[PDB]
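> Given chain B, work out where chain A with the ligand should sit, using these hints.
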Amino acid sequence: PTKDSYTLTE
Amino acid sequence: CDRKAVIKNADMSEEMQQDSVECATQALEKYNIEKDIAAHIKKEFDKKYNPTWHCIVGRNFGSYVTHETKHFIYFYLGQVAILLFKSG
Ligand SMILES: [Cl-]
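For the protein sequence lines, the chains are B and A, in the order given. Residues in the first sequence are numbered consecutively from 606, following the entry's author numbering. Residues in the second sequence are numbered consecutively from 2, following the entry's author numbering.
It is possible that some hints are incorrect.
[Claimed, not checked] Dumping the calculated BS3-like pairs for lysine-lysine here, alpha-carbon to alpha-carbon at most 27 Å:
1. B:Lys608 x A:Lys9
2. A:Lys5 x A:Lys49
3. A:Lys48 x A:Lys36
4. A:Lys5 x A:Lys44
5. A:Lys87 x A:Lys43
6. A:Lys48 x A:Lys31
7. A:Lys49 x A:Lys36
8. A:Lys49 x A:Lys9
9. A:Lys71 x A:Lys48
10. A:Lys9 x A:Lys31
11. B:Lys608 x A:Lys71
12. A:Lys43 x A:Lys71
13. A:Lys31 x A:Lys49
14. A:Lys36 x A:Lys9
15. A:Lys43 x B:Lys608
16. B:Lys608 x A:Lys36
17. B:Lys608 x A:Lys31
18. A:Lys44 x B:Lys608
19. A:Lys71 x A:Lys49
20. A:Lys49 x B:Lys608
21. B:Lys608 x A:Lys48
Hints in this document: simulated from the structure, not taken from any laboratory.
Chain B with its partners taken away, still in its complex shape:
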């Protein structure tokens, strides 16, 4: 059971 995620720095 998996999910996709974004991250971004300020």
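Coordinates of chain A with the ligand only, in the frame set by chain B:
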């Protein structure tokens, strides 16, 4: 010295989010180079919570990854961003 921890996105127990922050805190105390910080955190989480974890540590990056549910956190320790997640 005392960097403010700020969680930006978490898909994990509140227990582990505190463990992440604490473990990243120890890593930043021990190491200055981002890849060494990331290695320390990744290896501790492989031990404490079973493989396979991945860790990115930096001041400027964006990411798109696939992680097991309940095993993803993205937080700032001071001015340093830490992405830690399980996939595999
Ligand atoms: Cl560095």
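> Are the Cα positions of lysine 49 of chain A and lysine 9 of chain A separated by 27 Å at most?
23 Å, holds
> What's the verdict on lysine 5 of chain A and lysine 49 of chain A, does the C-alpha distance respect the 27 Å limit or exceed it?
Between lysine 5 of chain A and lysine 49 of chain A the Cα gap is close to 24 Å, so the pair holds against 27 Å.
> Regarding the pair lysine 608 of chain B and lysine 31 of chain A, is the alpha-carbon distance no greater than 27 Å?
32 Å, violated
> Check the hint pairing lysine 71 of chain A with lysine 49 of chain A against an upper bound of 27 Å on the C-alpha distance.
15 Å, holds
> CA of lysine 71 of chain A to CA of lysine 48 of chain A, is that 27 Å or under?
17 Å, holds
> For the pair supplied as a hint, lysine 44 of chain A and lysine 608 of chain B, is the alpha-carbon distance within the 27 Å limit?
22 Å, holds
> Against the 27 Å threshold, does the CA-CA distance of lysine 608 of chain B and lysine 9 of chain A hold or violate the hint?
17 Å, holds
> Run the distance test for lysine 608 of chain B versus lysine 48 of chain A: straight-line Cα separation, threshold 27 Å.
23 Å, holds
> With the threshold set at 27 Å, check whether the alpha-carbon distance from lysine 48 of chain A to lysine 31 of chain A stays at or below it.
18 Å, holds
> Measure nothing beyond the straight line between the CA atoms of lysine 5 of chain A and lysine 44 of chain A; if it is 27 Å or shorter, mark the hint as holding.
Holds, because 23 Å separates the two Cα atoms, which is no more than 27 Å.
> Tell me if the straight-line CA distance from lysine 608 of chain B to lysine 71 of chain A falls inside 27 Å.
With a Cα-Cα distance of about 9 Å, the restraint between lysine 608 of chain B and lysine 71 of chain A holds, given a limit of 27 Å.
> For the pair supplied as a hint, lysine 36 of chain A and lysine 9 of chain A, is the alpha-carbon distance within the 27 Å limit?
21 Å, holds
In the structure shown, a violation is registered for the earlier hint numbered 17 alone.
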